[PDB]
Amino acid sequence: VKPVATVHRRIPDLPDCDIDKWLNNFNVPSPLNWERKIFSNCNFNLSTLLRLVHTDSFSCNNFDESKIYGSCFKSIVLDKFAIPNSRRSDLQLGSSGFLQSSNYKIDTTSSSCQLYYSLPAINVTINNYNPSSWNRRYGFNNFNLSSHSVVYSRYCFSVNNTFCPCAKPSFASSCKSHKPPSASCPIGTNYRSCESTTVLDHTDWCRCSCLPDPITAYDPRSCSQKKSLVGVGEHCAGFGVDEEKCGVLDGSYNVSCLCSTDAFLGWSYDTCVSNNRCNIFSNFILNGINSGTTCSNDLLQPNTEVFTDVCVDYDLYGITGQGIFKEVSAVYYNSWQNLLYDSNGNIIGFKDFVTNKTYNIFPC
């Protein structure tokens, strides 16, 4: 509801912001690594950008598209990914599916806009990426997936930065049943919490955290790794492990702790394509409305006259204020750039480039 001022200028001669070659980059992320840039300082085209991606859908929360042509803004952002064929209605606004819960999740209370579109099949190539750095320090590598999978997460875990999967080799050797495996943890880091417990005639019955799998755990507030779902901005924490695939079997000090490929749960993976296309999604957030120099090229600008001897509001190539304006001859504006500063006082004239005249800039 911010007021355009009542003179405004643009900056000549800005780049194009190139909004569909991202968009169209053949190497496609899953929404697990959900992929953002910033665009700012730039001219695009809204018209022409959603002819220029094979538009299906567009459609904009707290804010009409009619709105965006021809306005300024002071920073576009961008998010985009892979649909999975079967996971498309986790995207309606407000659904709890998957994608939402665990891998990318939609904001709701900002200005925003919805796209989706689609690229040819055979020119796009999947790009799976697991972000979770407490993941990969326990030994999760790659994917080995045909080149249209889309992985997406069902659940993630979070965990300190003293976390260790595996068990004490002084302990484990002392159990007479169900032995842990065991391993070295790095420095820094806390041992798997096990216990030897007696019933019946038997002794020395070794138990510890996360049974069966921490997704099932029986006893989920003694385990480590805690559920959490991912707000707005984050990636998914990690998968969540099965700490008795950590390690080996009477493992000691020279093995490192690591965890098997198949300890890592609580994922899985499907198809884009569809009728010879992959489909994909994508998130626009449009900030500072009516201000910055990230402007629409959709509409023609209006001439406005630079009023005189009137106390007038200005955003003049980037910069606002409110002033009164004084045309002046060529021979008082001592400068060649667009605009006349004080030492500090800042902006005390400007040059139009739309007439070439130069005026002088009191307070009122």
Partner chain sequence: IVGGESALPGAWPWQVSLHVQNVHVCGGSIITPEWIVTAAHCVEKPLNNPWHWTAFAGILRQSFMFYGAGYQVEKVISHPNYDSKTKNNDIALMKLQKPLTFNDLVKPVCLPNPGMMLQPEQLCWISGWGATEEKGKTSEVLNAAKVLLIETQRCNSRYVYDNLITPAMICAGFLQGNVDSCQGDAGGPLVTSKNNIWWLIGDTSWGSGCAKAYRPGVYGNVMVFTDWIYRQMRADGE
Given for the second form:
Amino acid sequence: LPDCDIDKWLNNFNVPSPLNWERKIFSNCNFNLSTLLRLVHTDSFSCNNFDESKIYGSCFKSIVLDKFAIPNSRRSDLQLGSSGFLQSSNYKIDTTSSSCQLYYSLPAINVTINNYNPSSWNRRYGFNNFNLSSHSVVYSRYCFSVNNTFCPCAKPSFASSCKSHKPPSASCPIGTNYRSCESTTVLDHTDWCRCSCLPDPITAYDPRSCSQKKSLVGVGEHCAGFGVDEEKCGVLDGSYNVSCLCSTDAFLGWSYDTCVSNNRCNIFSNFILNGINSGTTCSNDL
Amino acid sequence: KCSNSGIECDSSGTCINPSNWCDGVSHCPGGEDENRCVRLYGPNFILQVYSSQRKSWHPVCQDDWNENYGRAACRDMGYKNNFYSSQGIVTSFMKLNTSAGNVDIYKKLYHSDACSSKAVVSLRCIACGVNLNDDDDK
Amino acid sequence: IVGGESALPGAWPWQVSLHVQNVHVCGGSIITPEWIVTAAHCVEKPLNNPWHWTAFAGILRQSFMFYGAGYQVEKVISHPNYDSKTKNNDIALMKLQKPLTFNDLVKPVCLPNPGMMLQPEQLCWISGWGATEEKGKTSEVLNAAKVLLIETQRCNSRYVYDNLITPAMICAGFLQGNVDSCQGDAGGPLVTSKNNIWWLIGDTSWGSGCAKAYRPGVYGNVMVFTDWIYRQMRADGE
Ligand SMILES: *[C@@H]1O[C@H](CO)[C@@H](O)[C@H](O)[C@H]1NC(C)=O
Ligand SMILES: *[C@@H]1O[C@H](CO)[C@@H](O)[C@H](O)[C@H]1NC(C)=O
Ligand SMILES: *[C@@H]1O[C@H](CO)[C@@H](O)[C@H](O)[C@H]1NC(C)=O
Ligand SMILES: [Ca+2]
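Could I see the form solved in complex with its partner chain next, after the form solved without its partner chain?
Up next: the whole complex, starting with the chain shown before.
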């Protein structure tokens, strides 16, 4: 009986990036597809594992809507089955379900992009916000996951004993292990310290020592977090009087690009069709 | 190695009665008699189930068949929670006893002589076999 | 591969490179996000420790197979009837610790079904990073070539392989040679196309030389091993 109002949700001027893509479940309502594509500035609307003509005058259990702004240089990544950065590290399109992809746009003058890091462990150790220009759209290139016991700082007691290659140090939160380091000797040089995730988790010579583990996003998931250069978490000769905190530029593997072309911000949207010919999410097109 | 004794369990030559193959109870030492009872036949993925009463393979009726049953057949074949496609497709068959309870999937079906849907079940448990579509060169 | 051409991205998305101690040794074929079909002689002791193996998918060049771009192998299962002297039942499964992510570059190949009704000389494809010539080194780029199925009765001839080809093996290639798998292709896919679907009909097993006359390639008959593969995957789900 109530209206789905999908167009109003797709036309909200607070548009997220692919990193923090938003989802709205539409169920138990009535929608007009033909007016939907009219009310939004539709560029393209195709369907996969489903033929579009069978949406008109049909009922579904629910219609799941994912949306995010499109970085202009990364539009090709949204092709189904692409190995690009967007689907590897931000939003993986479900290619098995009955879906439909919708490309549209909003007037750039009124759009405010919301770049937000969804990683809980990125925010725990220093990441606040992206201070980027307006209409810049963040996308991650690589994601890294960690256990709950993670901390990127070396122990202050270990660092103090380093004669060479001393790592930055600080105190880690309670319940988290310190950065795995090791005092080593080579030739006559003693107390040559060696820590993990070097040079950085992206190009780590030995990824098995780095607690930060590469992870591709799956369907319905968000980015696990940016890899952090652990040589930039904590300060040199940092004591237990200093909380473990990484600088802003220690977070790696992410870029950005505007969504504005022809004075309009381009937006992507993924439709999920659940239970065809079953449910109370009906179409009024007939 | 079990010609004059039954069906080979493949567990070092152990034999059992053919009537004990896929009959619900594990007789073979490694349960080999109750784990390969569902298969996919031919290039069209025709779902088949070994019957113990008749000691042979037979297609599956589409009567009352849904996705959950196809996923139960895919779990029985070792694909875990993987599932791709399932539809009907054009003589001993296996009709589907709905009131079968919490029994093994190959036992939820009984042997019959015809399906009321006229179509048998085609099942694909995973999306495979697709590559680059080559070129248009003559 | 001897006599093949360089492969393009996405042409063979099931092909994987199996490294032991970060050196390519054998190939494999993806069948599920976490299961890979390969050869049992690749994982004879002491190479049966799954901690030593890493799998590289979607990457076509060996120099682009940096440690960490590969997936850690969790389990290795050789066929329990594998005979190293005769290379009989030369089939093995590998389970990945983390499932793969499928896309245009990484896709599974279909396991063969009973009643495929293949032709006596069905056109097939082999692929792998094996040497491009006999006694050669591991090729950098992924190669692939066209081979034809050879009837086991012909392959068991006294002039080919004198009754050495068992029902657990199949032959492919050419009795004149020139095109064959080679050193480094073991466990790699032998695939054919039917009903617009690619099927894994064999895994690269053994042979005499590479691309020599009267010496075609021998491959594990994956159709025979189909029951064993399903039983293994069924038990891991537990
Ligand atoms: C966009 O912003 C302009 C200037 O602030 C304002 O006049 C206009 O009404 C806005 N657009 C909409 C659709 O409200
Ligand atoms: C941390 O995560 C890794 C992922 O490889 C896992 O092996 C390990 O058990 C986890 N826990 C600890 C304490 O390392
Ligand atoms: C279906 O299974 C139940 C449970 O064993 C049994 O009582 C019933 O007779 C079966 N019906 C048919 C038609 O096979
Ligand atoms: Ca039994």
